[PDB]
Amino acid sequence: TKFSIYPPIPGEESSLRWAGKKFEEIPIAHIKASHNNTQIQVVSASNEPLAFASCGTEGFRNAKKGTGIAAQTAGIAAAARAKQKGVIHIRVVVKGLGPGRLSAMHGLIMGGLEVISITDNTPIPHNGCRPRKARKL
Amino acid sequence: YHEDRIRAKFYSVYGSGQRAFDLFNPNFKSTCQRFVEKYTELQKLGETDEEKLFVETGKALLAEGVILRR
Amino acid sequence: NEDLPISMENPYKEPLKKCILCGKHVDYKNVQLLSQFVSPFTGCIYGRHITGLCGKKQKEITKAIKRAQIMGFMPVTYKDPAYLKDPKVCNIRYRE
Amino acid sequence: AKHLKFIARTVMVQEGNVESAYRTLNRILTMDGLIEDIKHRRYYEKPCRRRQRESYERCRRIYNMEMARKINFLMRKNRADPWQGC
Amino acid sequence: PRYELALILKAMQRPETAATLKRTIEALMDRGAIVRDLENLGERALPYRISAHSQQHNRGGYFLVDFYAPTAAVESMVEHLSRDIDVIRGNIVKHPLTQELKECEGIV
Amino acid sequence: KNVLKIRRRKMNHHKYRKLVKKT
Amino acid sequence: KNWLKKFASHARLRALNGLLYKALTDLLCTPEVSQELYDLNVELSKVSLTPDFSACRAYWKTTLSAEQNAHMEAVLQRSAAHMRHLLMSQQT
Amino acid sequence: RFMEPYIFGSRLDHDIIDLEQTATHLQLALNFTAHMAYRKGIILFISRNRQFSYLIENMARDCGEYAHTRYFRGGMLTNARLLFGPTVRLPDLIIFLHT
Amino acid sequence: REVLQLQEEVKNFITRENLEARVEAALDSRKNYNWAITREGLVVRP
RNA sequence: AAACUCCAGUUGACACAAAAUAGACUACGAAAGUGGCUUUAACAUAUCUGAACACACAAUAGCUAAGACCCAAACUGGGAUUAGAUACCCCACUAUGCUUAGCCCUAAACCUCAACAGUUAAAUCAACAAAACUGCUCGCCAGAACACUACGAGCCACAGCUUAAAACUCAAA
Ligand code: FES
Ligand SMILES: [Mg+2]
Ligand SMILES: [Mg+2]
Ligand SMILES: [Mg+2]
Ligand SMILES: [Mg+2]
Ligand SMILES: [Mg+2]
Ligand SMILES: [Mg+2]
Ligand SMILES: [Mg+2]
Ligand SMILES: [Mg+2]
Ligand SMILES: [Mg+2]
Ligand SMILES: [Mg+2]
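Protein chains in written order, with the UniProt record's numbering: chain U, 58 to 194; chain D, 65 to 134; chain Z, 47 to 142; chain C, 2 to 87; chain S, 2 to 109; chain Y, 128 to 150; chain P, 42 to 50, 90 to 172; chain X, 100 to 198; chain G, 155 to 200.
In short, the hints are calculated from the structure, not lab data.
Among the hints, erroneous ones may be present.
Unchecked claim - Distance ranges between label pairs, derived from CB positions: (1) Z:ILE52 / G:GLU156: 41 to 49 Å; (2) Z:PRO61 / X:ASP191: 37 to 45 Å; (3) S:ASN59 / Z:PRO61: 43 to 51 Å; (4) Z:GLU48 / X:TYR105: 20 to 28 Å.
No residue lacks a Cβ here, since even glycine has one placed at the ideal position from N, Cα and C.
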């Protein structure tokens, strides 16, 4: 069977399973990678918050907070707290183009969680609100 | 030239002849040129309907024994 | 003299090239056709350098896509998964 | 917000190759122009500056294509000298 | 002129859908329309979630109503569709067949 | 084009606007 | 503008250095400039601006192999101008 | 543009040179060349087409005339006195096989 | 010819009499406007 | 560093705001302008030219009234830097950007090319810009600066706009 890079459709029945569960039943790791901070939250397929860890909650402060190492630490801690609740597989959903976009995922993998799919949900307005003026630096 | 029209039709229907051109021969005669000569003869000894001339020329050339795959 | 060239239009003139949709009606309800010209992952409409369509049919497809999207016939942020296995007519490869 | 989730901008992983999937996602987001959109939307770009930028990029692309075509056309002559000596 | 009404109705049972369709066509006729044909495109999942009349919809029935009406009818009919509670979304467009398919000689 | 004429126009106008404010 | 002819024809310094370091790293993080550059995984060590602001020197960490270093250098030098253009277009 | 009067026509975007005019022009050119050779004038063939440099040099040597198929340094003709000597004799006729 | 075509067409228009029957028949029918194009410019029907 | 912690993340509900991709298109309109969807009206003239003031219009900014308020933001506060920094950087928040009804009538309002008709032959042609010209009409220009000024006149404008000088001075500009 040719591997399909596209996700399964919840309607159409598929044979892909992970620990006996379907795609729509796997927990979701929501990563928000801001410019100065990275926040990871693991939730269930039914939206029950299981674990939460950011670079700020792990002791990093100010400019150290928006680094790859801080995001890796936050991902490791989130993976640990989720492993304490029965999570082994996750679907990743990243939001933002901050420095910890990939480091947080690395930390999640290094903490014991298995990633089966990556999704991007960075907000892109189709011209809604007006951004701020450019800096005159 | 007038025969160019005929040539055009030929090169669109029977395609480029599998036989190759020899431009070094000052009197080289292609399959298209044979078709043109037969078409002109049929026009001069008969009526003027382009499609009928085309099919009659094809029939006469096939009778002569030259292969013409459409 | 009979051998002189005669005034004439080029008989060997090749027909002008036509786009794949030339002569065909583009309808906002034909979501299957419209989905062939949007990104599978983002639903963004492809440019003519990708679709290969002429200007008129590019405009027709763009207008039909916007109409279908706003009227509740087509998704906006992705290509409908039902049409992911249609013939690929766009010159784009994600190495997927 | 009102669309179905886990279809848009979603990549499946093959044999646990997470890095390859992430890089494919980056490729898709860049090829669809979403990365450029996000980066350009951080601060407001004035309409006149936007128009100038688009004009410059269009003209640069056209000029580069023409130069590349010229070089590709004149690369045919680049071979071993056939009349060496004379 | 000739118009096409694209109708996305609430996912209902057959009697309610029939009643809604009859009511819509009756409104069309009351506004001076000559209804040519009614086509059922089927019940399907909506492309996105639609909120109408304080209700959220994820599935709907797609119907087409071809008709001829005076120009003043359209606006009136639009208002009517805004009030019908069984109509998730209604749109009156100029009929696509009335648009002329100009012929092309190809790319210049 | 002569940019000095545009500069002189700028100076004269700015000087003029100051006077009307003062008086 | 008739582009065809044109084509054919200190505390502040430290802040700018840091800003440009972050900007260039974030540009290298993606295929925004080119896929060939992205596949190289070029890492930057620092950014230094000359005191008169005539050049921005971006120091890229070298690897152990030599042919890889040469290929990386070639790609980077070929892609410098596009990076400058992107940095100004994003209004960093 | 100035070659238009000598062109019979264009056959599928390829120009055809009217040979009836070529006959008269070649007649006049060959007559002039023969008369100059009869008068013992110096004849210098010139051509930068490297495919025919050897042939043109052989021909010039054979007919007892002169050839220049090589790079043309600035001032062969206009500055001949400095580059050959104060008493050099310049050609009486030059024939371009390639202009 | 326009008028003759329209005359024979009006015979199958929805009036107030056949509204119920026509609505039921439409509810018992399905119309498909979907069709795709190929790289050769050919239509593939669903 | 201030600021917030009625903070932050997921999910759901949810604009009087502005309109990714298409657009690598170069279209519409007298110009200004115009790039989300639908519908209704609808884009003058079967010679050409024809106005600072007549008749209609005219980006942005601005002025009256009422309304809406997400975001942005002149001003105004706080934080930081600096020799000073009330600028540049960070945070908050106004007039204003939006709707309705009236004003104001200005722009590098520029393709810095006046409108119509014609030619490509000449010496192509100061230069550069954007190949060189012809016929006809209207508008405008006769050294620089004083001067997008003074006075007069007109104006819904009152620190405003249009029109627009002279005296003194210079050999240049
Ligand atoms: S080429 Fe004819 S419609 Fe596109
Ligand atoms: Mg007039
Ligand atoms: Mg006057
Ligand atoms: Mg005026
Ligand atoms: Mg105005
Ligand atoms: Mg406000
Ligand atoms: Mg301009
Ligand atoms: Mg005029
Ligand atoms: Mg002024
Ligand atoms: Mg006055
Ligand atoms: Mg005044």
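Between Z:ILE52 and G:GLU156, is the Cβ distance one that fits in 41 to 49 Å?
The hint (41 to 49 Å, Cβ to Cβ) holds, given that Z:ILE52 and G:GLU156 are roughly 45 Å apart.
Quick one: are S:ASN59 and Z:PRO61 within 43 to 51 Å, going by C-beta?
Between S:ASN59 and Z:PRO61, where Cβ atoms are some 49 Å apart, the hint holds.
Do Z:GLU48 and X:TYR105 keep their Cβ atoms within the hinted range of 20 to 28 Å?
holds (24 Å)
Hint says 37 to 45 Å; check whether the CB-CB distance for Z:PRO61 and X:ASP191 agrees.
violated (59 Å)
Of the numbered hints listed earlier, the single one contradicted by the structure is hint 2.
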